[PDB]
Structures are given as structure tokens and as C-alpha cells.
Amino acid sequence: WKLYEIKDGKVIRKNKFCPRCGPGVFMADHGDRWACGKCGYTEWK
Amino acid sequence: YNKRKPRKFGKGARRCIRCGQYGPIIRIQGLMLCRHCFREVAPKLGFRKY
Amino acid sequence: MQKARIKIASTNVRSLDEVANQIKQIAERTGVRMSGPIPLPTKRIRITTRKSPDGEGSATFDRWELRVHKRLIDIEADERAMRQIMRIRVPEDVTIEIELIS
Amino acid sequence: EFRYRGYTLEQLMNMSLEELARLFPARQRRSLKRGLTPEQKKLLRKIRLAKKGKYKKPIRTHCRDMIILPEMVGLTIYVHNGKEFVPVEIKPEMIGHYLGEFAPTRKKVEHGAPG
Amino acid sequence: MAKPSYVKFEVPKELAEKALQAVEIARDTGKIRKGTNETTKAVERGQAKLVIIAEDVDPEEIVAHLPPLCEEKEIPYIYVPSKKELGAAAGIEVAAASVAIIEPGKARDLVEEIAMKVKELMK
RNA sequence: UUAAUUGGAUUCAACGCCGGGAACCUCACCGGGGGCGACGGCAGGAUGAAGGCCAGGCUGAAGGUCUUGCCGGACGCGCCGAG
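Chains as they are written, first to last, in PDB author numbering: chain AX, 5 to 49; chain AQ, 6 to 55; chain AM, 1 to 102; chain AU, 5 to 119; chain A5, 1 to 123.
Keep in mind that the hints were calculated from the coordinates and are not lab data. Just to be clear, a hint being listed does not mean it is correct.
[Unchecked claim] The list that follows gives simulated cross-link-like pairs (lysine-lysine, BS3-like), each with its CA atoms no further than 27 Å apart:
(1) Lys6 (chain AX) with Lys73 (chain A5)
(2) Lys31 (chain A5) with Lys106 (chain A5)
(3) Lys37 (chain AU) with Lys13 (chain AQ)
(4) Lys8 (chain AQ) with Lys42 (chain AX)
(5) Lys3 (chain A5) with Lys14 (chain AX)
(6) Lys56 (chain AU) with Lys112 (chain AU)
(7) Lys16 (chain AQ) with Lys51 (chain AM)
(8) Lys13 (chain AQ) with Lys45 (chain AU)
(9) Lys119 (chain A5) with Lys34 (chain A5)
(10) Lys24 (chain AM) with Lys54 (chain AQ)
(11) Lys87 (chain AU) with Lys49 (chain AX)
(12) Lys106 (chain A5) with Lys18 (chain AX)
(13) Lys60 (chain AU) with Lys10 (chain AQ)
(14) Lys7 (chain AM) with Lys24 (chain AM)
(15) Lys8 (chain AQ) with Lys87 (chain AU)
(16) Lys13 (chain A5) with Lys3 (chain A5)
(17) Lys41 (chain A5) with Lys18 (chain AX)
(18) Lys73 (chain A5) with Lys83 (chain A5)
(19) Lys106 (chain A5) with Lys3 (chain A5)
(20) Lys87 (chain AU) with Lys46 (chain AU)
(21) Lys6 (chain AX) with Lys106 (chain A5)
(22) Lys42 (chain AX) with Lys10 (chain AQ)
(23) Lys3 (chain AM) with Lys54 (chain AQ)
(24) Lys6 (chain AX) with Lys13 (chain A5)
(25) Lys106 (chain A5) with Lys14 (chain AX)
(26) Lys3 (chain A5) with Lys6 (chain AX)
(27) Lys20 (chain AX) with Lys41 (chain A5)
(28) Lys56 (chain AU) with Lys45 (chain AU)
(29) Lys11 (chain AX) with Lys18 (chain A5)
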């Protein structure tokens, strides 16, 4: 719940959705990259 | 991390069905049984004394 | 000319002789030539093992034997003769394997 | 100067792995050909980029059967003898010998009066 | 008592009871997602059909984001006065901040009814 | 002697013996690394897993440890007994 912000009637997601699995899969905010540990997939920013 | 490693050779790869002894398991055509177990079951397999 | 080769194997001798006898009666009842049952060499499986469970005592060894006898019967082609063999009651110990040879 | 197979260590550095294993005895070359263990290769990476300096950790290993290459010369490695990772210091003559030969896993056996 | 900030309409007691009965029936013979986290995950996926929200949730930010979230995704959301009521209706001993129904089961006849009784509330 | 030569076995009747197999196993020895004790009870609860997992420092490596941050979506640790 803490990873969904809302302004002006639209939902902002604090972290990027991982395309491998689908929606509801946030990403790890490390600054230098976007990482998801479900499979250890990293996309460098 | 609790699984035992695979072994296709050596004593650890082999284990008696009945008692689980890792050691003497005779394999004349594939019995797969401990040697001491064999004594009480040989007649049940049909073996006789001559 | 076409032939059927039948190999009949059993640990029990008497079961094997009964199977051979009824095969003979079938083959002579259908009037089709049969090669007499050739008793092929009997297999003697041998296993020796030390009697004592632990390592104590005199070196004692026990011998265990399995004598399995097999026989060969060759018959000449006749579909009538081959129809009656699948109805032969075969004991649980006797294994019959049949091949067809030209 | 150090000479192995008729060549020096600094000449041994620049040869490829296949020729270098050709210079080796049959057993070590056979083990190299059949493939290093994945832990062997992880440890090879560790020491290789430790030579370049990036890995500043003290290097220790269990790979008693690691075969020392000429390029590894000039380093320190702690090899497990069974209780501790005893150090060994790599010199140019290391080439052609396993690690487990060198760590004492059997201490000295002195003898006294009979019981 | 003052209504929380996220409130956009006043749900009658009877409507809240019907929502609780719908929660129970959808639990019995359907599918419900328990927890505001899973409610958000379902509404974002679009699978949610009706979202029940408690009105005595101490931290507002747990349920602050639900009303505009359901409005934007065009799924009815209804309120119930007590979080413990929603937990009891959800068949769990802990208190459920919100429940998102997925399979109405036998509560469709309520939920669809509740739909207009929710759509009239925002007007 | 050992970090270990695991333990057992004794004159015949222990001593190519338990082992009809001592390179990892065989393990039952030594040193080191990591890890689950079910079920009934207390408490906690999901406001998110207990498992996974990057980047990496420490660990022989192994998300093993640790900062790490997201996850699959759902209840599991400490004790009382007790397996």
C-alpha cells in the first residue's frame, strides 16, 4: 500500500513494474538500477 | 541445502531397501538388499540348500 | 515352410513337464508336425555369503542355488495349431516366449 | 633466472592455456583439459582479478587440488589443510604442482618409549 | 466523530450491513482479497468488482488511496463503520482494513444492487 | 603420533575380522560453515512469508551472514510439554 501514491485522481507507482511477471511486481529502488529479486533481474538506469 | 548430493558411484550411491545399510549390497542380477538381510529371505526367493 | 520356436522356462520341473506334455497333446491332436522338446541347458545361479552377521567366528560360508530349466519346442506352421496355444493354462512360474522363423 | 620447459616465467605469462598445459605433465594437463570445477573457476577469477588489485580481500581456498599456473606467481593463498587455511607463498617454481601437497594435513609424528 | 478525509459519501447503516453480508457470501462461495495491499493489487489488475473499506482505520494512509483508486478504475467502493466488522465478515480473527471481492459468488444480487446504492452515493 | 587414525573385537574361539570395497560418500573421526524441533497452549497476526534475490563487504562457496528492495501471494517464529 505504501508503494502507491495518488495525486489528481491518478495512481503513481513508487517503483517500476517488472515486465517479466506482470502488474503488481514493483522494482527495487537502488538509484543506479531497477532490480527485482524474484529472479534477480536488473535494468540499469 | 539439506538434500544429499547425487552420487552415481561409490558406497553412498547404494543403500539397502530393507534396513538401509550402505555397505554389503550384493548385486548378482540386481538384488539390492543387504547381505545379512539375504539370510532370512533366500528361501522366500526360492533358494534351497544342496 | 514356416516354423514357430517356443522356449518354456521354469524353476519347477514338474510344471515344465506338464506344460510340455499338454503342448505335445495339442500338437498331436491338431496333426501338425512338432520337433520334440529339446531340453536346453539349465541355468544354475549361485550366490555364496558369510553366515555370521558380524565379523566374529570361523570363516563360515553358505551356498544358495537356483536351478532354472528351459526347453525348446519347434512346430510347423498351422494357424489352427497356433490358435490353441494361447488358451494353454500357464503356471505363474513358467514363462513361455514364442518367436516366428521363416 | 627461472627456466621451465626451456622458457622463463615472464615468457610463460604470454602463452595461451592450451600450449601451457601442453608443457605440463600428463596428469595436470588432463585435469585442465577435462575442465576445472565451477568452484575452481570462481577461485581462478578471484585470484586473477586479485592480481589486478580490485579484490583486496585476503584470498583463502579449499581447492587443495588447484594447479598453480605461471600467471598466478607472486601472490599469497591460504589453503585448507583440514582445520585451518595455512598460507602458501607463490614463487616462479610453483608451476606444475598441486596445492594439497604443500599444506601440512598430517603433522610430524615423533616416537617415544613403547607402551 | 469526524468522518475521515478519504470519505466521499455517507453510507447508511443498512447499506453497510448489506456490504458486510456481501463480503461474507463472497468469502463463502466466491473469492475475496483481504488487506488493502491485495485490494490495490486487484484494482490495479482490474479484477476487483467491489471494494469494502473500513471507516475506523487508525492510519489514514492505508485507506487514503482507495477511493480515488477505485474511482479512476471505475469499480464501486463502499464503506463499513468498523474494521472489526469487515474482519469478521471476511472470516478472519484479525481486523481487515479493506476487502476486494473478485468472485461475487452468491453476493452479486447484493453487490450489483449495492452498485447502484454506491453510484447514487457519489452523485 | 595425530586434527583423526571412529568405535567394536582377545589365547585357541580378534588379528585380508565387523568392511561382500578407507580418493567427496561409506561417516559413526577431526576442524570449520550453514540449517529446520512437528503437534496442543501463550503471545503475535496479513498494516504482507516464513521463501526467493540481485549490487556487493564478510563466508571454502551456499541469501550462508550482513546494508539492500522489490517479489509469489499467503498466517509463522520464542518458550511450556513434546517429539
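Going down the list of hints, with the structure as the test:
A C-alpha spacing of about 19 Å is found between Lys6 (chain AX) and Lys73 (chain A5), which places the hinted pair at or below 27 Å, so the restraint holds. The hinted pair formed by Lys31 (chain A5) and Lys106 (chain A5) meets the criterion: a straight-line CA distance of about 11 Å does not exceed 27 Å. Between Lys37 (chain AU) and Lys13 (chain AQ) the CA atoms are separated by roughly 22 Å; this keeps the pair inside 27 Å, and the hint holds. Of the pairs offered as hints, the one joining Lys8 (chain AQ) and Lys42 (chain AX) holds, with about 23 Å between alpha carbons and a cut-off of 27 Å not exceeded.
Straight-line distance between C-alpha atoms of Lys3 (chain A5) and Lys14 (chain AX) comes to about 23 Å, which keeps the hinted pair within the 27 Å bound. The straight-line distance between the Cα atoms of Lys56 (chain AU) and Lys112 (chain AU) is roughly 38 Å, outside the 27 Å bound, and the hint therefore fails. With a C-alpha separation of about 22 Å, the suggested pairing of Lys16 (chain AQ) with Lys51 (chain AM) holds against the 27 Å cut-off. Distance restraint check for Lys13 (chain AQ) and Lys45 (chain AU): the Cα-Cα separation of roughly 24 Å lies within the 27 Å cut-off, and the hinted pair is therefore satisfied.
Taking the CA atoms of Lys119 (chain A5) and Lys34 (chain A5), the gap is near 23 Å; set against the 27 Å cutoff, the hint holds. Between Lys24 (chain AM) and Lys54 (chain AQ) the alpha-carbon distance is near 33 Å, which puts this suggested pair outside the 27 Å criterion. A distance of roughly 46 Å separates the Cα atoms of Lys87 (chain AU) and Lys49 (chain AX); the hinted pair therefore is violated under the 27 Å criterion. Taking the CA atoms of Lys106 (chain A5) and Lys18 (chain AX), the gap is near 37 Å; set against the 27 Å cutoff, the hint is violated.
Restraint check for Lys60 (chain AU) and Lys10 (chain AQ): not satisfied, since their Cα atoms lie roughly 33 Å apart, outside the 27 Å limit. Restraint check for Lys7 (chain AM) and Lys24 (chain AM): the C-alpha separation of about 14 Å stays at or below 27 Å, so the hint holds. Taking the CA atoms of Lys8 (chain AQ) and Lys87 (chain AU), the gap is about 25 Å. The hint holds against a cut of 27 Å. Distance restraint check for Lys13 (chain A5) and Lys3 (chain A5): the Cα-Cα separation of roughly 15 Å lies within the 27 Å cut-off, and the hinted pair is therefore satisfied.
In summary, the hint linking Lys41 (chain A5) to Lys18 (chain AX) is supported, as the alpha carbons are separated by about 14 Å, within the 27 Å threshold. With a C-alpha separation of about 24 Å, the suggested pairing of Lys73 (chain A5) with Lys83 (chain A5) holds against the 27 Å cut-off. At roughly 31 Å between alpha-carbon atoms, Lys106 (chain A5) and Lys3 (chain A5) are farther apart than 27 Å, so this suggested pair is violated. With a CA separation close to 22 Å, the supplied pair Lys87 (chain AU) and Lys46 (chain AU) stays within the 27 Å bound.
Between the alpha carbons of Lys6 (chain AX) and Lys106 (chain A5) the distance comes to roughly 33 Å, so the proposed pair goes past 27 Å and is violated. The straight-line distance between the Cα atoms of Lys42 (chain AX) and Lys10 (chain AQ) is roughly 26 Å, inside the 27 Å bound, and the hint therefore holds. Distance check on the hinted pair: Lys3 (chain AM) and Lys54 (chain AQ) sit about 40 Å apart at the alpha-carbon level, beyond 27 Å; violated. Distance restraint check for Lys6 (chain AX) and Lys13 (chain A5): the Cα-Cα separation of roughly 30 Å exceeds the 27 Å cut-off, and the hinted pair is therefore not satisfied.
Simply put, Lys106 (chain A5) and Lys14 (chain AX) have alpha-carbon atoms about 32 Å apart, too far for the 27 Å limit, and the pair is violated. Distance restraint check for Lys3 (chain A5) and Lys6 (chain AX): the Cα-Cα separation of roughly 22 Å lies within the 27 Å cut-off, and the hinted pair is therefore satisfied. Between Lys20 (chain AX) and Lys41 (chain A5) the alpha-carbon distance is near 14 Å, which keeps this suggested pair within the 27 Å criterion. As the CA atoms of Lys56 (chain AU) and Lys45 (chain AU) are separated by approximately 17 Å, the hinted pair is consistent with the 27 Å bound.
Taking the CA atoms of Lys11 (chain AX) and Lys18 (chain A5), the gap is about 31 Å. The hint is violated against a cut of 27 Å.
Hint check: violations occur at hints 6, 10, 11, 12, 13, 19, 21, 23, 24, 25 and 29; the rest are consistent with the structure.
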